[PDB]
Each structure stands twice: as C-alpha cells, then as structure tokens.
Amino acid sequence: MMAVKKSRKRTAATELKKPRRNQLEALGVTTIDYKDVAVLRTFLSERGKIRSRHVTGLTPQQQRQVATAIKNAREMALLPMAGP
Amino acid sequence: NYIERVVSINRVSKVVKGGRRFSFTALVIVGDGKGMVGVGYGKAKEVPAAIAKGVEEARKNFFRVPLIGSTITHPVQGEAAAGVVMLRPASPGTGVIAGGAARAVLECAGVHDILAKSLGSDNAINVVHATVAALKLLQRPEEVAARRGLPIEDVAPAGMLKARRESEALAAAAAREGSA
Amino acid sequence: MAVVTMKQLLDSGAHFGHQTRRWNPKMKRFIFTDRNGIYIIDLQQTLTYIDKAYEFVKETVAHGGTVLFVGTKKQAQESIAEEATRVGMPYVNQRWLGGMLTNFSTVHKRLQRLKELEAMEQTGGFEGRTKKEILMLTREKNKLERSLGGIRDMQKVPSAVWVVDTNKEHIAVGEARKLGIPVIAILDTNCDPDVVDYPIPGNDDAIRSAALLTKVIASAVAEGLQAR
Amino acid sequence: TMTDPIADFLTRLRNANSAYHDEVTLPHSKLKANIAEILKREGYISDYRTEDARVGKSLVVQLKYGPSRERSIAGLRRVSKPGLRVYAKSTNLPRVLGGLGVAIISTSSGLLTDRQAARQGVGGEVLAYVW
RNA sequence: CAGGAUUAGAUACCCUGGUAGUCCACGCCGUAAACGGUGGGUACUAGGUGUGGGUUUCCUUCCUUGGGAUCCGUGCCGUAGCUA
Numbered sequence: 001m002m003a004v005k006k007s008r009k010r011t012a013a014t015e016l017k018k019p020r021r022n023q024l025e026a027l028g029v030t031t032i033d034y035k036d037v038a039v040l041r042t043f044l045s046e047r048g049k050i051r052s053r054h055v056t057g058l059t060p061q062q063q064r065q066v067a068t069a070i071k072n073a074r075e076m077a078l079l080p081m082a083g084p
Numbered sequence: 035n036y037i038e039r040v041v042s043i044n045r046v047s048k049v050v051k052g053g054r055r056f057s058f059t060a061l062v063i064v065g066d067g068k069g070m071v072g073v074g075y076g077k078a079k080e081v082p083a084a085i086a087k088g089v090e091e092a093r094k095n096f097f098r099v100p101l102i103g104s105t106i107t108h109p110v111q112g113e114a115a116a117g118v119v120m121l122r123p124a125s126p127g128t129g130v131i132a133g134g135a136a137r138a139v140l141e142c143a144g145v146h147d148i149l150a151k152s153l154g155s156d157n158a159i160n161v162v163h164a165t166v167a168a169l170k171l172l173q174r175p176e177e178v179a180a181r182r183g184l185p186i187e188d189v190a191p192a193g194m195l196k197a198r199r200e201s202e203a204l205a206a207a208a209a210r211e212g213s214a
Numbered sequence: 001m002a003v004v005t006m007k008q009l010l011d012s013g014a015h016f017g018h019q020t021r022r023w024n025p026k027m028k029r030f031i032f033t034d035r036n037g038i039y040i041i042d043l044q045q046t047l048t049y050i051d052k053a054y055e056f057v058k059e060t061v062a063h064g065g066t067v068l069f070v071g072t073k074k075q076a077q078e079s080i081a082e083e084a085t086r087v088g089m090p091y092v093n094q095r096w097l098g099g100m101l102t103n104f105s106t107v108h109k110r111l112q113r114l115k116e117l118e119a120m121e122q123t124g125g126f127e128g129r130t131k132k133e134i135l136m137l138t139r140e141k142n143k144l145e146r147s148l149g150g151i152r153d154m155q156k157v158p159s160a161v162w163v164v165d166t167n168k169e170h171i172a173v174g175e176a177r178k179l180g181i182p183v184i185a186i187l188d189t190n191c192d193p194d195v196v197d198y199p200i201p202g203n204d205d206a207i208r209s210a211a212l213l214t215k216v217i218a219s220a221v222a223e224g225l226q227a228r
Numbered sequence: 002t003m004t005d006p007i008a009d010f011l012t013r014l015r016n017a018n019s020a021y022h023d024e025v026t027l028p029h030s031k032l033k034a035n036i037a038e039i040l041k042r043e044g045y046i047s048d049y050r051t052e053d054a055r056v057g058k059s060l061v062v063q064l065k066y067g068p069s070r071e072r073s074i075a076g077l078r079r080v081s082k083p084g085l086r087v088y089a090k091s092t093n094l095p096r097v098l099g100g101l102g103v104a105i106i107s108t109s110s111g112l113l114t115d116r117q118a119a120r121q122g123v124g125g126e127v128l129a130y131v132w
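Chains as they are written, first to last, in PDB author numbering: chain r, 1 to 84; chain E, 35 to 214; chain V, 1 to 228; chain H, 2 to 132.
What the hints contain is simulated information worked out from the structure, not anything from laboratory work.
Note that beta-carbon positions come from the ideal geometry of N, C-alpha and C, so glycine has one too.
Hints may contain errors.
[To be verified] Just some of the chain E residues that point at chain H, by a computed CB distance under 8 angstroms:
hint	residue
1	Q173
2	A190
3	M194
[To be verified] Here are some chain H residues the structure puts well away from chain E; computed CB gaps all over 12 angstroms:
hint	residue
4	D9
5	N16
6	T26
7	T51
8	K58
9	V87
10	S91
11	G125
[What the hints assert, rightly or not] Calculated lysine-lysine pairs in the DSS-like style (CA-CA distance at most 25 angstroms, straight line):
hint	chain 1	residue 1	chain 2	residue 2
12	r	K17	r	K6
13	E	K87	V	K178
14	E	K94	V	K156
15	V	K178	E	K77
16	H	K65	V	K28
17	H	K65	E	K170
18	r	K49	r	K35
19	V	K143	V	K115
20	r	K18	r	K6
21	r	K17	r	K5
22	E	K94	V	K109
23	E	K68	E	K196
24	V	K178	V	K156
25	r	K18	r	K49
26	V	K143	V	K74
27	V	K7	V	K215
28	E	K87	V	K109
29	E	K94	V	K178
30	H	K65	V	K26
31	V	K141	V	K74
32	H	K90	H	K33
33	V	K178	E	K170
34	E	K51	E	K77
35	H	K33	H	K65
Construct all of the structure, not just a fragment, from the sequences and the given hints.
If you want it as structure tokens, here you go:
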C-alpha cells in the first residue's frame, strides 16, 4: 500500500527501518540490567562477541551501557563468555 | 596610428627525449598615446610571430584610463601576483618617471608627468599586470559624484578643476588650430 | 502586458522546479518559501522579466537580428525541431561545440567542407573512390549534421542572445559573455542567476514548461519579424 | 574581546559591501550615529536609523548600490587606532586621493570632514579614511 | 652481546639464544616531526553535507537519523575573498 520512504501520507513515523533503529527504546526491553541475560544474549553472536552500532542501531549511550552490563555479566559468570 | 613595444624576450625550452624544443616569447604593449592601453604575451618559435601575436592581442584587450590632460588623478597601490606599484601624479613638466616596463606602459598610454616605483616582483610580467590593476583601481571624479550622488564641487578640490579647465582650453586650441 | 492569464497558468502549475541541496542565489525575492523542502515561483518577478526581455527583443528583432535553434537537452530537442519547422529557422539537436561564438571562423570552414561534401554527394561521385571511404563519408555527414545546423544560415557575426541547457553547458555562456552581448535563458534553477543581463526564472527539466516557453520566444521572434 | 567598536563598524560595512547585503545591524552609540550622519551627507550610504533590541538600542544602516550593482564605496580604512593614536594639525591634515575621498576628524567642533575642519581652521584626532 | 646463514667482506637486515631496560613506589632531567609543521582573545563574512550532546515546536503514531528551529563541539565538498 505504501513505500518504505516517500511517506507523504502518515505523520512522521514512529517506526524503524534498516538505516534507522534505536532498538532498545524501540522494543525488546524491560530495563538495562546485567541480571537479565536472556535480553543481553540478543546483542551478541553465538561466538559470544559483541555487535557494532551500524549493525544494531543504538546510540553510543545505550551501546556503552549495554556493553558494560555484558562485561559485568561475564565477570559474574551469568553469561557464557567465549573460551575453552 | 599606434605605438607598440617589445620589452621582454626570453628563450624558453620545453624538454623532450630528443632534446630541447626551444621557443620564443614576447611581451608587447600598445597605446594610442591618449588613454587606450593594451597588453599581450605572445610566443612562438619565431620572434616576429610572437611580436605580432602580442600586437593583435593588445589591440584586442584595450583599457581606457582616467586621465587629466597629461597626469593621473590620484596615487594608488596596484597588486598583481606579487607586483606592487605606487603610482602617483606629478606636476606638469616633470617627466614619465618609471623603470622599463611601467615606462613603456605609460608612455604608450599618453602620460607625460607621473611617478612610479616597483617594490616587489621585479619581473616585467607581474609588474605590467600590477600597473594595469592600478589603472583599473583609478576612478574619474565624475563617476565618483555619480556613485555617491553629490556634485563635483563638494566631491573634488579646486586645483584639479583648474587643471581640467586649462587642459580643455589647450585642447580646444589645438583642435581649432588644426581644423578651423 | 501578460501573455497567459492566472488560471490557465495555474492549470499547468506555478510552483515547480528543484531540490534544496543545491541552491545559492542572494535574491530572497526569487527565493520564495520553504515548502515540502522545496521552493516556488515569484510570479511578480517572472512576469516582470518576461515583459522586460520581450520588449528588448521586440526592439532587437524589429531591427532584425537573428538566432537559431540549436539543441542540447533531450527535453527540448523535438520542441526546437517543431518550432524550427513553423518559424522556418534551421535547427540543431545533439551537441555543443567548444568555441563556436569565439572561434566562428573555423566552424565557418567546417560549413565550407559541409558544402564541399554535399556537392560531392549531389554530383554523385561515389565509386570514384573506395566503397568503405564512401561509407565513412556517410559517417562524417551524419556526425557533421547532428552537430551543426545553425551556421548553414548564420554567416553573419552571430549575436550571443539565447541559451541552451545552462548548468550543463556553462561552457556556452563564457563563450558568450566573453564578448558580453545580452544573454537569455529560462533559468536552470540551481545556478548563479545574476551573471546574465536578461534572466528569466522557470524550470530546468520539465518538457512541458520548456516547450511552452520555447513557443513563447518563437512567438516573440515571429512578431519581431512580422512587424520588422 | 571587543576593544575597537569603530573598527567593528567599519569592517562590518566592508564585509557587507563585499557580500552585497542590503541592510546592516549593530548596537548603538552616539559616535557611530555621528559617523553615519556624516556618511549619509557625503553620499556613501542611503539612510540609517535606530531600532532597538533586548537590553539596548541598535543601529540599522541602508546602503547604496549602483543601478548596475556598482558598489559606491571602494575602500575604507581606520587610521588612528588604539596604540597608535594619530593626531592632526590643520597644517598637516591628510589628503585622500588628492582630496576626493574623505577623512573623518574628531574635533572640539565635533566630527568633521577635513574640508570643514580646515575652513574653521581646527584640527585634532583623525579616525578614518574613506573612498 | 654470542653463534648460525647470506655476503666479495657484513661489526646489519634473516634465524636461534639472551643481559640492562620495559613494570611498581619515591625522586630526578625537562627534551621530539611535543604537527592542524597554522599563539591567544573577539565581531561580521554564500551554502550544502554527514556526525556526537542537550533544548524545543508541528504532521503527531506522539513507542520516531521523525521533521523544523536553536545552542556547543567535530569532519568532507565548496562560493566571493586570499595566497608565489
């Protein structure tokens, strides 16, 4: 019915696309906590490493907050870090 | 009738596998002796060819000058690439005081009583270009009164107008002795 | 004096023309207002400059100058062709040559060789030389005819009057303003406007507006010649 | 910081003349006003006026361009600058362009062009050259 | 620094080993391409474009590189202007 751009029809969309994304305030969130590992496992790979911003979409604020949480989690072994 | 000059001849050389494919340049200035001034940088393998190019290109690129009888209006600074020149009017009977390049320019233009000084970029090319820039920076008092709405009396002093009147008198004398 | 009235002009639209990432006049009078991230006609200015250029060219063409229908933009090719048919003038379609108006005396020789080759064609000497060379002459003639029609009737110290595809052939303006004669084109609307003596706003792309105003200037020339 | 408001005035007019702007905007001062009135007299600019702003007044100047967009002001320059305060006797007044252009003197009789100052006989501080 | 190998010869690159040093505390010296090879402070001076941070209004879902304006910092292109 409508195109991904040339959105001359609805208001300025409260929706996200492939270039634009703020994935946490978007959806998939309760709150940034090192406790909730099922959520933090989404910003990784199967090899445990961490994504980038031009992969995910986050602002640096959320990015660094989440990375610190991840790293605390690996320290308290709540999350399977990559290793032997 | 035209007055013409040859005031620079260097022996240039592009370089190529055989050797040096020489060539010749020239700098030529033209002037009626009344205010028309033209400039040309002609070159060729042949010196007459370069000279003739300079001639015709000067006859293309004239430029009129704000004269008063035989002398300029005001002093001026002319900047070119690095050519600096400080022209300045004389009082009549003084002479065309300048070096080689500017002397050629002004003597061809028709000046007879003027000062000048080269302060940088001794090269004739940039010297001539700077002199020309100065002559462009010149302004006629008529056009000054035009652009700022006032009349010539409030715009100029009295001595310049003395010069105007006396030179118009000499000119009408010359023309009325010539034809009439 | 207007040419077309308000509502007939608003049928075709009086808003068009170009995107925001490219403009730079200094004239906030031509610059209309930000709408949809895009700018608009100032009909006051537009009709003013139209009447101004129109009276200028009425004077010049009751004196009886001449300009011809050379083509550069695909949007104006057939437009210029049909107005060439009906106003009678020769036309040209494809390409701009570097240095017509400046080096006119060499393209004059190009016309002379065009005449020579057409004379060969008319007299009919083809198998006097190689078939391949005659085919290459056909190549020469197609190229020379697509790139040259106007000199075939110019001959006559051309006036720097009119402009074809300004922004992309800026190279056609310095060939004109070098000599300084009054230039005109419907503004290619993301350009330096205040070079040209007689500017006229409009569009850069639209086939419809461009054919319209080509018919307008065709009409101007027609009236100048008619009341010569 | 700011130290030379008169240079600000003059340079601003120079910049705006080069950018071909129509009208200028400054804060206001008596000295700037007298300068502007003298220029409006001598012919360089069309008109000035005093609008206002949040904390203080403000000048607005209306320039003067040719019909063919010929700038009316060629050159412009401050002379007596802080540091080198240049003063002038009537005997040794500056002559600009042989007298075509204009000096702007500050004297017991107020701001005056060089001719008016000479006819009165007075002299004093110089402020600027204009042409 | 010792040895191996290349080498015309190799006090050198390459290989094997390997001390001072790199590290910590407390003091010293006080220099470099310590570079934007651009001293600091300040006003005006065409724009476009990405980008980091914080304000704010409208289509408003008002969960949005939302969009616009604004302020600060940061990069690219580019007028006039300037420069050998």
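**Request:** Could you check if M194 (chain E) really has its C-beta closer than 8 angstroms to a C-beta on chain H?
**Result:** holds, 6 angstroms
**Item:** Hint consistency between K90 (chain H) and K33 (chain H) [alpha-carbon to alpha-carbon, up to 25 angstroms]
**Value:** holds, 24 angstroms
**Prompt:** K18 (chain r) and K6 (chain r): Cα distance at most 25 angstroms?
**Reply:** holds, 15 angstroms
**Asked** Within a Cα-Cα threshold of 25 angstroms, do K178 (chain V) and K77 (chain E) meet the stated pairing?
**Response** holds, 22 angstroms
**Message:** Minimum C-beta separation from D9 (chain H) to chain E exceeding 12 angstroms: can you confirm that?
**Reply:** holds, 23 angstroms
**Asked** Quick one, are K143 (chain V) and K74 (chain V) close enough, alpha carbons at most 25 angstroms?
**Response** The hint holds at about 17 angstroms.
**Request:** Against chain E, does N16 (chain H) hold up as non-interface, every C-beta pair farther apart than 12 angstroms?
**Result:** holds, 20 angstroms
**Message:** Would the hint linking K65 (chain H) and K170 (chain E) be met if the CA-CA limit is 25 angstroms?
**Reply:** holds, 21 angstroms
**Asked** When you check the alpha-carbon spacing of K7 (chain V) and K215 (chain V), does it fall within 25 angstroms?
**Response** Holds, because 19 angstroms separates the two Cα atoms, which is no more than 25 angstroms.
**Message:** Given the hinted pair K65 (chain H) and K28 (chain V), is their Cα-Cα distance within 25 angstroms?
**Reply:** holds, 18 angstroms
**Message:** For a C-alpha distance cap of 25 angstroms, please report whether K178 (chain V) and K170 (chain E) respect it.
**Reply:** The given pair, whose Cα atoms are some 18 angstroms apart, holds under the 25 angstroms limit.
**Item:** 25 angstroms limit on alpha-carbon distance, applied to hinted pair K141 (chain V) and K74 (chain V)
**Value:** Distance ~21 angstroms between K141 (chain V) and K74 (chain V) Cα, so the pair holds.
Figure legend: structure checked against the earlier numbered hints; every hint is met.
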